[PDB]
Amino acid sequence: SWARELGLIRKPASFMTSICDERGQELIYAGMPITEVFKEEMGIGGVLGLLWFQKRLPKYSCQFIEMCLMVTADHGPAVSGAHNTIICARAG
Amino acid sequence: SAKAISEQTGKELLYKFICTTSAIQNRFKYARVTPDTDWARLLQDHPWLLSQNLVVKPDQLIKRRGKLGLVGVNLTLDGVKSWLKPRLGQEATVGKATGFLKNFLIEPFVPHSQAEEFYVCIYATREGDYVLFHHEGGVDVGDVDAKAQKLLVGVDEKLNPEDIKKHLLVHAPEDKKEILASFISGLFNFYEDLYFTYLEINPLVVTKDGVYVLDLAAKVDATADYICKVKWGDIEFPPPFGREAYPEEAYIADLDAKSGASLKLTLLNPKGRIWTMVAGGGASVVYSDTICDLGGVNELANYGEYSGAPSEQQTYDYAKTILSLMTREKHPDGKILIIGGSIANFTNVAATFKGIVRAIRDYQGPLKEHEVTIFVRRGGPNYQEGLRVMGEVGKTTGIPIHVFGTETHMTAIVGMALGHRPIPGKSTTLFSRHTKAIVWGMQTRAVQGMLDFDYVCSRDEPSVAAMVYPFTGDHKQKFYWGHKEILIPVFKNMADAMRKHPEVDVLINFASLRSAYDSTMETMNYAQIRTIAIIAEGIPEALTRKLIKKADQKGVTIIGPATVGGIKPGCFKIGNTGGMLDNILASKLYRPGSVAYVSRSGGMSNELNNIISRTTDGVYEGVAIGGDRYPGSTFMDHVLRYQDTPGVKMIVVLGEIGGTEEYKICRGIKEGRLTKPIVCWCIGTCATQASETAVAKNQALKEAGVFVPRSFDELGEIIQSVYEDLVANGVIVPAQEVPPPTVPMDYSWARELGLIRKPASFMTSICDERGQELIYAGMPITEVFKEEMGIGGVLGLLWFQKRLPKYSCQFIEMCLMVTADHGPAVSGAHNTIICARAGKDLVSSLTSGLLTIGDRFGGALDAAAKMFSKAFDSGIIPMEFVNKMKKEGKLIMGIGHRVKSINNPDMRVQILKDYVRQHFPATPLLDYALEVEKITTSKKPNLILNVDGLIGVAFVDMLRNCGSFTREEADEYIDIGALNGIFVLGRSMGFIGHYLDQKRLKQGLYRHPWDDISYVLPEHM
Ligand SMILES: CC(=O)SCCNC(=O)CCNC(=O)[C@H](O)C(C)(C)COP(=O)(O)OP(=O)(O)OC[C@H]1O[C@@H](n2cnc3c(N)ncnc32)[C@H](O)[C@@H]1OP(=O)(O)O
Ligand SMILES: O=C([O-])CC(=O)C(=O)O
Ligand SMILES: O=C([O-])CC(=O)C(=O)O
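Just so you know, the sequences run in chain order A and B. All letters in the first sequence, in the order written, are residues 826 to 917 by the deposited numbering. All letters in the second sequence, in the order written, are residues 2 to 425, 487 to 750, 767 to 1099 by the deposited numbering.
It should be emphasised that the hints constitute simulated quantities derived from the structure, not laboratory data. Note that the Cβ used here is the ideal one computed from N, Cα and C, for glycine as well. Mixed in with the good hints there might be a few duds.
Simulated crosslink set (DSSO-like; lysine-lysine; CA at most 27 Å straight-line) [to be verified]: (1) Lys538(B) <-> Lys880(A); (2) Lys321(B) <-> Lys880(A); (3) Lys265(B) <-> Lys321(B); (4) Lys864(A) <-> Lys884(A); (5) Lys220(B) <-> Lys232(B); (6) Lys836(A) <-> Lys546(B); (7) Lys836(B) <-> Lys836(A).
Coverage of chain B stretches by chain A, computed from C-beta distances (three or more under 8 Å per stretch; other residues unrestricted) [as the list claims (entries may be wrong)]: (8) 911-924; (9) 1053-1064.
Starting from the given sequences, assemble the full structure and let the hints guide the process.
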C-alpha cells in the first residue's frame, strides 16, 4: 500500500468493470452521478439503461423498459419457477 | 541441423523408399555384426548369408576407406570370421580419432570393373540443391570438379529429365543413359521426400545386370522428423567415431534429455586445472577460444554449457558432476573453476546461484582440500545479490571466490585467473518511430517487454498494434504503457489483423518449429508486411529455403530463424532481444548511438550491447541473424543495409566458424562498396574446406583492411580504439545524455526477490494445491490412495483435517449411503425434478433442489444432534428430558416415524445401529438417545428413532469419543454445521440421480394444474 502510494510499483488489475464507479464523492453510474440520475427524473428504466447498456436512453424507452418489467412480473403460481419459489418458501 | 546417419540405415531407407524403373539389386541384403551379438543367429534368420561371396567393412562414419584400403572384399565364412578377429572390438585410429570398432556391415560382394563404377552426389546449398555426377566412380577420381557434371536445381522446382540427359549425362555410356538417369530422378525424389541434406553414393556400379549401391553417405535434417517419422521409423544417429564416454558424460546426457534445458559437457583433458562451467553457447565458445589463446589448449579440461535456465536440482547435479571431476587429482599450478557467462535475458541470476551455492557447500571439503579458486562473472536481472551470496560463501567456507559483474570484460577474468593481469526490392530502413508490429502468438512477456522498451525510448505510440492467436476469439489484452493500462487487440485470423491495422509493417513470428512456415507463407500474401522476424528454432532447411525464395520474390526482409530478434535502440526492439529492462538501462539502449553490429547467436548480442555501451558511444542498430544454417538475411544483407544509412558511423561483425560469408564482406570492401570502419571477429577457433575456420576468416579479414583483434579480450579495447579514431577525425560527436523515463518495476518481480510485503487474505487451512503432489489436509494424494481410505478418509481430511480411524471413515460412507435419495415426493427432489423438466442444467437442477435443505427439510440431522447433545451435556435423566420438551412445545427432533416403528423397524436405523454398536468404542450419547427412544415408544407405538436422529447422535458420538478431537473441536463442528454437510453431500447423489432420470425419460415442462391451487385473492386492491 505504501510502495504503490508513492508509485514505484506495477500491479496488473483484473475485473475491468465499465459501470458504477463506487468510490469518490458520489455513486457515479455509467457516467452519470446519482444526483444527476435523480435530477433528470429517470425512473428505473433510466438506471437500467445506465447500468445495463451504459447509455442514457430517451424518455420513451425508459418508460417502455418499465412497461416490460411490469408485464413480465408475476403470472400466477402454476408456472414452474413460481412453483419452485413456493416449494422453497414452504420449507421456511 | 545435418546429422550423419549410419550407412546401414540410409542404405535400408534407400532400399525401402526409392521409386524408379531401374531395379536395385541386393535389396535388403545386409548384416550388422557387433560384439553384443553372436554369429549363429544371423545365419539362422538370414539363410541367404553363406550362399554367396561377401564384403565386410566398418560402419562407424569413417570417410575414405576405399583409398585407405580398410575394406575387406571377397570374403567367404573364413574371411568374414577371421577378418573381424583383429578388427571387431579393438582400439584403432583414423585421422586423429581413436576408439573401438564395434560396428561392422556385411554386404554381398559383387565383382565388377572400374569402367562400370559411377559417382553420384546431392548436397544442399542455400540457393538450391546440387546434383554432382562423375562417370569415373571409385577411388580413381582424376580431376574432381572439372569433368564431373553439376546441376543446380531450384527450391520448389521440379527436376526435368531432359535437362538431366542434356547437361548431366555428357560423358556417360549411352546404354545406361536410361538406366542411370531415371534412377537419378528417382534418387532425387528420394532426396526430396526424406529431407536429406547430403547424400553421396560412391561407388555406384551400373553393370549390365542393373544398379548396385555399394557405398553411400547421408547427412539428414534431424529437425524434419515431425514430417518424416513415418518414413524413417525409428531413425538412429551414430555419434562421430572417437573414444568412450565417461559415466559422467552419460550422466550429463540424461540430465540434458530429462528437461527443456541445455546441459552440455564434453571433457577435453580430464587431468586439467582450468575447469569451465559457463552459461550460453556462444559464451562457452568464446571462453574456450580465449583459454585456447592463453596457452590452455592442454589445460582446458572440458567444454560445455548450461542454458535455458535449468532447475536448481539440474544446476545442483551439473555443478556437482563438474566439482567432483575436478577434485580427482591435484594440479600443482592451482585448479580454477570459471562460472562465467553472458548477460542473462530474463533469468534471476540469484536463483541459479542458489543452485551453485548448494552444489559448492555440499562439496566444499574437496574444494578446500584441493586448493580450488572459483572465478564468477555474470550479468542480467538481479545479478548483484547473486554476486553477494557468492561473496559470502567465499568468505564463509574459505574458498577464494572472485566475483565480477558487468563492469568487467566477460572473458578477461581468465586473464585474472592465470595471472596475466591483476585483480581489482528489400528496403534499406526497417524500423522507424512509427514502425508498428503484429505479434503472432500469445507471448505476453515479449509484448510487455517491447512496450516497456518503447516507453523508455520516449516513443509516442506503442509498436505492437495487435496480436494474433488462432486458438481464441477476438478480444483485447490489457498491457502496461509506462504507468497506464492500454488495450492491445488480440485477433484470431491474420486477415482482419491486417485489415483493422494498416500501419503495420513488421510481423514477429513467435510460432513453433512446425507452424512457422505456414504462418510466414500466409503473412507474405499481405503487401504491407515489409519484414518478418522468425523467433522459432528447428525449422527444416528446405522449408527455410522456400521461405527465403518467397521473401526474395516478394521483397520482404526476413530476419532468419533461431534468432532472438534485433534491437534498434531508441527506436524498436524485436521480442526478447536485449533482455529485461534492467539490461536495457544498464547498456544505455534507450538512445541511439553510432555503432551497428551483426552477430549470429543471441547469447553474444547482450555481450555486444554491453561492450559497445562500456567502450564506445552505443548501438545505433543491432541484428542477430540466427543460429541456423540458412539465415533469412546474411551478413552482407545487413552490412549493405548499414552502408546506406548515414546515422551509423562504424560496423562490428561477429562471425562464426563455417560458411563462406565473411569472404563476401572481404570482396565488398575490396570493390569499394563498404567504406565505414568494420571491426570483424570470428569465433570458434577450436584448434586444440580449410578456409571456413575462425583463424582463416580472421586472417583474411585482417589482411583486407578490417580491424580484427588478437583475441576476444582486446575486442572491446580495439572497438574503443576505432571509436577514439573516429571522434578525433571529427565525424562522431557524442550526443548529450538525457535521462530516460522511468517505469515502476513489477509486483511479480519485486515480490520474487522480496522487496515489498503484501497482506494475504483467504487463509485456507486445507488442500495445498501447488507443489509436486496435491496435498490434502496434511497428507499427499499418493498417501491417500496408498493407505486405502475411501471417501470417508478424504471427508475426514477435507472437512475435519484429521486422519480419522478406519471404523469411522466407513461410518461416514455408511451415513452418506443412507442419506442418499429418499423418493421424489420430498421437497428438494421435487425442486430438482421441476428444474430438470424445464430442461435446465445439471448444476442448476441440483442447485434449485439443493436450496431447500434448510430447517423443515433436511434440518433434523443438525437439530437432532444439537438437542440431544444439549440435553446430555447438561446432564439430566431421559425421563426429565422428555418432560422438559413436553412442557415447552417443541417436539423432540429426531424421534418419530410416520409408518414403521416398533417390531416393524426402519431397517436403515438398524444397520447404522448395528454398526455403531459393533465397531465403535465408548458410545454414551447413542445410549442416551436409545433411552429417550424407550420412553417415547412407551408413549406411542410410533416415535422410534429416525435415521436423522440416529445419524445425528451417532455422529456427535463419533466426533467426541474417537481420538484426535478434543472436546471443543467436536463441539465446534456441530455448531458450524458439519451435519448439514453430510445431508447435503449425501442427498446430492439422489438429486443428480433425479436429474439424470428426468432427463432420460424425456419429460416435458411442468404446469401444476389450477384445480390444486385455490386462489384466495383480495376483492379490489
Ligand atoms: C370400535 C370403536 O368404536 S372404539 C371403542 C371406544 N373408542 C374409544 O375409546 C376412543 C379412544 N381414542 C383413541 O384411542 C385416540 O387415539 C386418542 C384420543 C387416545 C389419541 O391418543 P394419541 O394418538 O396417543 O395422542 P397424540 O397423537 O396427541 O400423541 C401422543 C403423545 O405422543 C407425543 N409426541 C408426538 N410426537 C412426538 C415427538 N416427535 N417427539 C416427542 N413426543 C411426541 C405427543 O407429545 C403426545 O405426548 P403426551 O402423551 O404426553 O400428550
Ligand atoms: O527469451 C529468451 O529466449 C531468453 C530466456 O527466456 C531465458 O534466458 O531463459
Ligand atoms: O431429513 C429429512 O427431514 C428429510 C427426510 O428424511 C424425508 O424424506 O422425510
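Verification of the supplied hints:
1. This hinted pair checks out: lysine 538(B) and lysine 880(A) have alpha carbons roughly 22 Å apart, not beyond 27 Å.
2. A hinted pair counts as satisfied when its Cα atoms are at most 27 Å apart, and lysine 321(B) with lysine 880(A) does not qualify at roughly 67 Å.
3. A threshold of 27 Å between alpha carbons decides the hint, and for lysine 265(B) with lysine 321(B) the separation of about 14 Å falls inside it, so the pair holds.
4. Restraint check: the Cα-Cα separation between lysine 864(A) and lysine 884(A) comes to about 14 Å, which is no more than 27 Å; the hinted pair holds.
5. A C-alpha spacing of about 15 Å is found between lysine 220(B) and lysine 232(B), which places the hinted pair at or below 27 Å, so the restraint holds.
6. Restraint check for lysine 836(A) and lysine 546(B): the C-alpha separation of about 11 Å stays at or below 27 Å, so the hint holds.
7. At roughly 12 Å between alpha-carbon atoms, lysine 836(B) and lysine 836(A) fall within 27 Å of each other, so this suggested pair holds.
8. Counting residues of the stretch 911-924 of chain B whose CB falls under 8 Å from any CB of chain A gives 4; the rule of at least 3 is met.
9. Requiring three or more residues with a Cβ within less than 8 Å of a Cβ of chain A, the coverage given for the stretch 1053-1064 of chain B is violated, as only 0 such residues are present.
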